[PDB]
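With one protein chain held back, the other chains of the complex are shown just where they sit.
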Amino acid sequence: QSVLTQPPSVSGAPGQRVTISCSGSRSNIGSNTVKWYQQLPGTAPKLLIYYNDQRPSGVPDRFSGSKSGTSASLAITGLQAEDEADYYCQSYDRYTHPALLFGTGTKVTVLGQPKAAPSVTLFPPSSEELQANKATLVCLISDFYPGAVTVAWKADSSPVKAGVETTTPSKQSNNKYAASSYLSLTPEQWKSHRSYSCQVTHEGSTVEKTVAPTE
Amino acid sequence: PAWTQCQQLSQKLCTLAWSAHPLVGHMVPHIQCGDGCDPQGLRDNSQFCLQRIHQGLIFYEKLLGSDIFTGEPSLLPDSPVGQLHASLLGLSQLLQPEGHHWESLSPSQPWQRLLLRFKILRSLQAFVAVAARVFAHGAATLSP
Amino acid sequence: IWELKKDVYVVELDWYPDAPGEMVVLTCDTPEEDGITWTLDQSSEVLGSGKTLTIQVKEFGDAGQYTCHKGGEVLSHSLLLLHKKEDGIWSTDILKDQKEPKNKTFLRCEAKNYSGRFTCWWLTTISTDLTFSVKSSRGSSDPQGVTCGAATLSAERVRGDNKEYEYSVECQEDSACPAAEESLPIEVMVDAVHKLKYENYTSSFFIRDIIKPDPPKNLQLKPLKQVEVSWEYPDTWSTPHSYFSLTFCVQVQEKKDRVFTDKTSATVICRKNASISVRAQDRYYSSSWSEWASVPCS
Partner (left out) sequence: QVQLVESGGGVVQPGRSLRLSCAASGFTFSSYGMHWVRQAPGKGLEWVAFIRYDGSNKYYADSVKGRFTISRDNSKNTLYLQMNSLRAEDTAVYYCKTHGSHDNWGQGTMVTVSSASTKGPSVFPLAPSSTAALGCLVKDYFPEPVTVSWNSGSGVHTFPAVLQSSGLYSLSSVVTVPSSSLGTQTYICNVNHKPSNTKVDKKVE
């Protein structure tokens, strides 16, 4: 029956310093210690700090914590691409003793990286998919930064708006972002129109890939 | 001394002091040993104990009339503080009537003020309680 | 590590899986400096030799009564107890939380008067190898003399198909001032030992806040063709009574009708199958009420 307050998002360029706050009250942070966790996109949380300031084995020295009164702070000195992840602070309440009080979480983002253009690749509807009387165009986007784009489909030259389904830019293993777009169509309108295009705009630069029904 | 009258008043002080509702929440003169407010000392010399009471009544009186209670946060319409302050004042007269002459810590934020209102009352409660026992014992015994 | 009492020590440990524990060096309290052997508990297995013994303490299997010998003779004893710190918190497995007046409340204390005596009781599900040590004082910076006795079983009951064992202890303030305005609180500190496990609990309070008088005495009924009730102060209450006054509450209990008064008598209306009960409270301070004193009506 309680929560700890963390800033939703903090940001900074490589080699810089950043701080993450964990604010509470006298009942919890003012009478107990603080833990810090590191959760990477596709794994479970990993322990960074325990008892406010201690470092386990395998945790670099740049990760440094603290606690003051009702609030605590985790300091990351000298950023790196690998440190881009979510962070959670945990403690107990003086009366909900064993129950765990987790913070709101903080998305650490690395900015200032060198710009990068997307690597687009378009695929037509497979012959097997058409045999089932269905068609799906797959426009794949990968290896780029910053992570934010817009997709625009075209039937030959005219706009295609309906039937599209696209994801949100997710981060890769190399700390660049990727995404995919899917345009569902019928077998007849794919054969009628002679071509389709996927226009991916990323920082003012548009990249187009065309495909036609053949082979 | 006027024992019989002090007792009826002290007993009312304890009544008012306890019917007060600030929310329970946990983050100066007193009647100490030897002050002479024990039944033995009263039969020996009761004046000594009364010197302490009067000081204690005037003390809390100066408080209940300070900014702590009057200032922010707003007091209650059903607040007994009013009658409690005038009760303290009326009882200090019956001891040193037309006598006292006067001329420290003061919080800033309302929360700090509201805390002391709660820390003060529960300390007040313990002081009047000892007094009523004194005047009840003096009224039953030292009253010819 | 620190010494709880003579030849008894406590080792503070961070309790977590595969924790290495702490290295402890035990020294045999003895003049002789050679031909020394160490053991643990009753086992005759010689764990080491020499004046001192180095051991890694990380599990209860590493604790116990370490003993040094020299020619069969027992030279010195040294008992090791463990104090678990679980994710930054000390352990509280021994005592049952009473959740009154608030959570994390293991000790409840009472006093029948302002004499300076008082009693503290606590509960536990443990039945064997259980030891308590009680100390008390008025003031922390400069403590005042408060003598506490020995803790013993006071009752045994079943709650939720698991036995509950109640312990109690009596203490007394050395130089009391029953009529005084308590400025410093009483401090109670308890050491609990279950097997080799060490834990300690605490409580703080003023006496005036924990008062609970005994029920009225000699409850009588005087009828009239409705009924006149009369009683007396209890034997344990403080004296004289003109100083330490009490107030009372009379109840007839289908419903429960109640009245209040400062007198030792009262008139009420009685009915068939009803019961008249009375309890008491300090007249000038709102402490705890007394348990009811009952007399069937009609």
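In this document, chain identifiers A, B and C correspond to the written order of the chains, with residue numbering beginning at 1 in each.
As a convention for this text, contacts are C-beta pairs under 8 Å (C-beta built on N, C-alpha and C of every residue); 3 or more make two chains touch, one makes a residue touch a chain.
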item	value
Sole contact to the chain not displayed, among A:121, A:150 or A:186	A:121
Residue among A:7, A:12 or A:105 that touches the chain left out of view	A:105
Touching residue (missing chain; options C:59, C:174, C:228 or C:262)	C:59
Among A:63, A:88, A:144 or A:196, residue touching the chain not depicted	A:88
Contacting the left-out chain in the complete assembly, out of A:149, A:179 or A:200	A:179
Residue ranges of chain A at the interface with the undisplayed chain	1, 44-47, 50-51, 54, 56, 88, 90, 98-105, 121, 123, 126, 128-129, 132, 136, 138, 140, 142, 165-167, 170, 172-173, 178-180, 182, 211
Touching residues (missing chain, whole complex) on chain C	14-19, 59-60, 85-88, 93, 125
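Basically, only the chains that are shown with their structure count from here on.
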item	value
Geometric centre distance via CA averages, chain C-chain A, whole Å	55
Approximate Å spacing (C-alpha centroids) for the pair chain B, chain C	34
Chain A-chain B separation of Cα centroids, rounded to whole Å	65
For chain A, residues that touch 2 or more chains besides their own	none
Complex contacts: residues of chain A adjacent to chain C	32-33, 35, 50-51, 92, 94-97
Chain C - residues contacting chain A, complex	87-89, 92, 102-104
Chain B - residues contacting chain C, complex	11, 14, 18, 30-33, 35, 37-39, 125-130, 132-134, 136-137, 139-141
